[PDB]
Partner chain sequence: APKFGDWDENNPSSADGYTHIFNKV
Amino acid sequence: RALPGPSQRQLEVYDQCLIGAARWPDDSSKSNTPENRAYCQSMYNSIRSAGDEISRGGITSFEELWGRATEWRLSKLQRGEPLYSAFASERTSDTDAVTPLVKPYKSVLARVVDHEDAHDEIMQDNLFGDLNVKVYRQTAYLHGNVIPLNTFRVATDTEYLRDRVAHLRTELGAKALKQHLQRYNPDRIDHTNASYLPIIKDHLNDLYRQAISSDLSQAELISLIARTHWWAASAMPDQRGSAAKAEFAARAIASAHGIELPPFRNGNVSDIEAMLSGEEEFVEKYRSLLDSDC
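Any chance of seeing just this one chain in the form deposited with its partner chain bound?
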């Protein structure tokens, strides 16, 4: 059944230029720039065209949708082939994603440390040895079965470290210490094992199919949108760009039904808000993550 399609009433432009922003609390400056506001407004446009086609039956699978997001994002890359290939390629089962918690991901470190669901564990490291780490272990539940996802760790014996790290550098050379930190920095996100991605993809086509219904109340539909956005962003299915892509999909599904969601709230980097939360936590909080203030 065809759907109303994108709204005619459209976010004021101050908002459209925030669509997709990474409005880090600790440096919203980058949200304020000309090039970005260009990037975001581009996104807001390719979303809506995609919405147009969802509402008509042109996008059938969440995989075809994700193609529409991927396609868009690359067209915004002025970088080169080693960078074009990552944003274009699905993460595969013979590899492990990692994100060092450096900058701009320095705000996160508090979010893990004061997280109510945070553990206190030990990270056994061949160079620093044994370390205290506050740990969050995002998990998802599906068909009943538990899925582990991303794993936030923050080393806390911070004085040892700066002392230890300086130690280690002169021996192995910066060359071989950076090697370790690229893969074993004490503070780091260890992402959803790529092996889960086959099934997480079926579940996301199931989820998309339902939300392109025509009978859905305003509450459900959103509850569907928040989920999709949660599952994509948290599985991080592509080597690069998953963050944008996820938000692209979600917002395209919203405009299909004629909804015109706003930019997320400042300091609410949506992918990370979803990585540090369970499914139903995030479904509930979704509405307030959006700057729905007049």
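Numbering follows the first chain given and starts at 1. We call the rigid core the largest set of C-alpha positions that still match within 1.5 Å between the two forms. First, how it differs from the form deposited without its partner chain.
- With the core fitted between these two forms, just one of 119, 209, 79, 103 shows a Cα displacement of at least 2 Å, namely 79.
- In this overlay on the rigid core, residue 171 has a C-alpha that sits 2 Å or more away from its partner position between these two forms.
- Once the cores line up, the CA of residue 34 ends up 2 angstroms or more apart between these two forms.
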Contents of the next structure:
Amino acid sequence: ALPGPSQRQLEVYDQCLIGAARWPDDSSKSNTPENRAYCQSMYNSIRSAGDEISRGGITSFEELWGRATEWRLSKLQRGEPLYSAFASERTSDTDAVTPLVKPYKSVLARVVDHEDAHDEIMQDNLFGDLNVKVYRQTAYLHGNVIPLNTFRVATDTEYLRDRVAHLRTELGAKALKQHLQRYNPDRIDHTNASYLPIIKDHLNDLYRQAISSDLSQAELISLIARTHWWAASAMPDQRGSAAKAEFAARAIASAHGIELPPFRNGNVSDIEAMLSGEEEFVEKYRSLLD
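Previous: the form deposited with its partner chain bound; requested now: the form deposited without its partner chain:
For this one, just the chain is written down, with no partner chains and no other molecules.
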């Protein structure tokens, strides 16, 4: 038995920020209607899942993820085409790339200015050799250090500005876009699906620890961050993993009566997780909040 959701709640203002994607750049997404509702609901469901966790109703990360997923699928517009992707685990031969474009363009800077980014040369069938700033996210798992997400940000701006206009016309928009869907010089090549089994087992191990009844506040926050970190960086599902990961992290916190405030504006949790190392993330977790 754990405390369960606290009696004292966040302000309704903050409840409408829980689960929001507050990109530092674009900030015209407070469309109260949908978004503020979505957030409020995520906030309620998180406390509910927390309550189930404190009562043994949820007994594994896998189950919490399941709860987060059904909550997430419920916010989809009816007849939504991506519905299946939101309900499905990523597989080897399933999309694994995210072209760094809007609303992700603020990523580019962070990769380039990344204390841990390194200059690399990329071989491209369309642009040729490109200088790319590269951040390879890695994780420690039982002694095996594995590659999670890899960020690429082409650094030869001018040259690219040209070539693309060139190629767009020389090959036509459709072709070029299809190509950039996977090989956009500015992209995130995500965690290989083949690592999802051990990562999920790891997540279940983190969960089991996290529901301990004698954890200091320090240990607890650390476990929540790590869980948040692994779920988000792993991007277990074809769609909505970021929402599911935040959902899970906060439910676990709520199980202990911790009422986590929303992430700071400009602070998009999963991106912050993907851009960091696990220990770094754990250390900066609190500062990413309220």
